[PDB]
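Before any questions on how it binds or moves, here is one chain, the form solved without the ligand, in structure tokens.
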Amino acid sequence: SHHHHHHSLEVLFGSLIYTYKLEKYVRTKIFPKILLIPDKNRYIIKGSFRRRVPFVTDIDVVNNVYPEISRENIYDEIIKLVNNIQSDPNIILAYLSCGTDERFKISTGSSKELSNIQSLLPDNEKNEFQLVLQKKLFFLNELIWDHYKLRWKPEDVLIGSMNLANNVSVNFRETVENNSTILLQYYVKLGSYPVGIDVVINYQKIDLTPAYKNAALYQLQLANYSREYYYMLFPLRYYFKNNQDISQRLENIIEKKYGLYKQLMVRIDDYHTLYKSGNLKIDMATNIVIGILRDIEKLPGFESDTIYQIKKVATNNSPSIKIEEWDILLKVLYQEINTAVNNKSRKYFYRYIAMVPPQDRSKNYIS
């Protein structure tokens, strides 16, 4: 009888959560506008979104366009595409990546580190870091990443060339006609905020597998070298890929238990990207900061003085300074969130690393 121990309780409760509805929407409304060959058989979703992780972060997709699109017409096709995107107020193309500036390639030999520090500016930053003697090389590549890997804004593509370090110019056509893939970094509104969609155009018949190995191996190093115990779980997720029970626990820990931590870090990064790439209005910038401040309140036991400063910066001012200050504080906040999640994750990391044969530890862990 419900006269007695009856309670009700319900009661309901935000940020982007995966739903088959969302996937259907990007596949039918967005993909036809951002891919070079839309065609279910010509593209493939990868990464977190292919995994339907509940706290959605990004959509990574590959478009295999060869031979319809090859080096013969890749320039004309990309130009057509950028023009279309620039005409679409609903879709932002932050950056198009293609090519390298080999003057920033590594392969070691101290001569060349000096020979390539010095094409820079705050390059004492480079040297200040030389003071760390290997893994030195890892944080050097970290520093010169955007010099070495060519990122083009739409404007640079359309003008057809851009200026590099030391009054060197690079030409966009030569670049694409002597390359094999292009990375298109888009932002599209899905949540109540912009989400990045990454499209890789493969216009030769190249095996991308080596690129997967190295990105995986890259994430490993990046996580381990900076002792980020949260991210250090990602290799383990791949390692136990075939143990059903461990896979579910790692997936839970990474995607559900601490999913929001990861999502807030991406969202903050997306802010910095939209900013630096010149596509961030104060309306958009403010909406994003709002949702972030909201969701920060749901990280149990999380505290930060940064929250306060972000609060005051919101006050009048010019959009210009508001956006700049926010950006600066969001960097601190990113680190606070990184540290919070990394501390909570240390136990799980060690708990699961200890579960891998000591021989294989070398390949899932860095001393």
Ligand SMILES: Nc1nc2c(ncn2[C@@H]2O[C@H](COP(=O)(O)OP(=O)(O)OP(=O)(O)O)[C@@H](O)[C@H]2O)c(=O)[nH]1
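We call the rigid core the largest set of C-alpha positions that still match within 1.5 Å between the two forms. Numbering follows the first chain given and starts at 1. What changes on going to the form solved in complex with the ligand:
When the two forms are overlaid on the rigid core, CA displacement between the two forms of 2 Å or more is confined, within 118, 171, 248, 178, to 118. The two forms, fitted on the rigid core, differ between the two forms by less than 2 Å at the CA of residue 72. Here residue 128 counts as shifted, since its C-alpha moves by at least 2 Å between the two forms after the core is aligned.
Relative to the superposed rigid core, residue 89 undergoes a CA displacement smaller than 2 Å between the two forms.
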Given for the second form:
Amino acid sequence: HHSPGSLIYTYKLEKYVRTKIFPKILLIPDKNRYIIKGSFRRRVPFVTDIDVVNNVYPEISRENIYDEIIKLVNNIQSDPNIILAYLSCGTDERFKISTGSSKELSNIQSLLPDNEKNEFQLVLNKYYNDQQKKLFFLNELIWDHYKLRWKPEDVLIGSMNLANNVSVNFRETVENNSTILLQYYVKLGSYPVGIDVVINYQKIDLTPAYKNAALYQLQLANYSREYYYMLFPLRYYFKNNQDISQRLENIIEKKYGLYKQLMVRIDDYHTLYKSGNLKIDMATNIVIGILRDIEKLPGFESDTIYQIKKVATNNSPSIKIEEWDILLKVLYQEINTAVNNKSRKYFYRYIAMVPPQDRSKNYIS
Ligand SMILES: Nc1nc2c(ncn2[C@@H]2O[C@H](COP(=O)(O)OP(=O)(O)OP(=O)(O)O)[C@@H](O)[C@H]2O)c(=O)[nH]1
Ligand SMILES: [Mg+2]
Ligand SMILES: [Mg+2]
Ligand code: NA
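For comparison with the form solved without the ligand, would you give the structure of this protein in the form solved in complex with the ligand?
Next comes the full complex, this chain leading.
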């Protein structure tokens, strides 16, 4: 005979967010007017974020979306327990890549600051031959220029400045669009957790948006040869096969789930930082939790871990937060590299079970 932590899914957690959090961050909190999507709907053990769609039409439409959003943002800014990092709505069509011709990309590059002009140039050279791969990493670089992203300050003010001294108006933007994305952060457990709320204030079908989001994730993973994330499209393809689905879900969410969570948590650090919602206490707690859970990655070694602990001795809060941010970017790629190496064997195991004619839509050779 013989005898805190990272956020884990419990039904208790879900009941809390639905009854205590959702009534504060949704426009129409009625359970029949919102749908939980993504990994939280699948109740994955290592909670990453929570993705929700609020279908508010017709009670909220283009007629009153502006007033409703202004009211929502004002309520959030008054709540010390809920953070609204960004509000995404609208596009800057000056940064739309349609043809991919040399002058189109030239005109776009001119609008950028010098440091972004260089990075733009590097992508052009590196992928001189692969047109599609060139255009993808170009869109990756000009992403935040093309897709308008608003701080609460920008929303309440009513406008914000874009590149080349062009101003954009918020009311004008939302009244000529159909959806708004709200990126929240809420205390869930021992650190802030992201909640993405999509407001759908037209009666439009979001199906082409989901299909497009799925295709984007496929390209992102494949073009970077991130074999772990390259498993995600396979989860779609085998959703009818019970045995393969269970194994893929286990590999992604259970076997390597903590790798994904740590990557999200590091990203959340960066997002909270650049959005201006990161104080030294919050940043320190996150780094502590990350250092703790890094030790739970079997066989993971990193020189960054020492550098991070070394910085913590400093007294200046701004220096620590900035240095941590730089170091965590490196740690992110180390975690990314580690999980992609471990997952390579599983990707090829299951892509080989895909009929040759269907490999093109699940894999970029
Ligand atoms: N580097 C990298 N990260 C990825 C890729 N695909 C997904 N991720 C990360 O995985 C996270 C999403 O994982 P989950 O939230 O568990 O899955 P999900 O809810 O279906 O995905 P979202 O709709 O993005 O929240 C994102 O926040 C990304 O940080 C990829 O191709 N490359
Ligand atoms: Mg998610
Ligand atoms: Mg999300
Ligand atoms: Na707030």
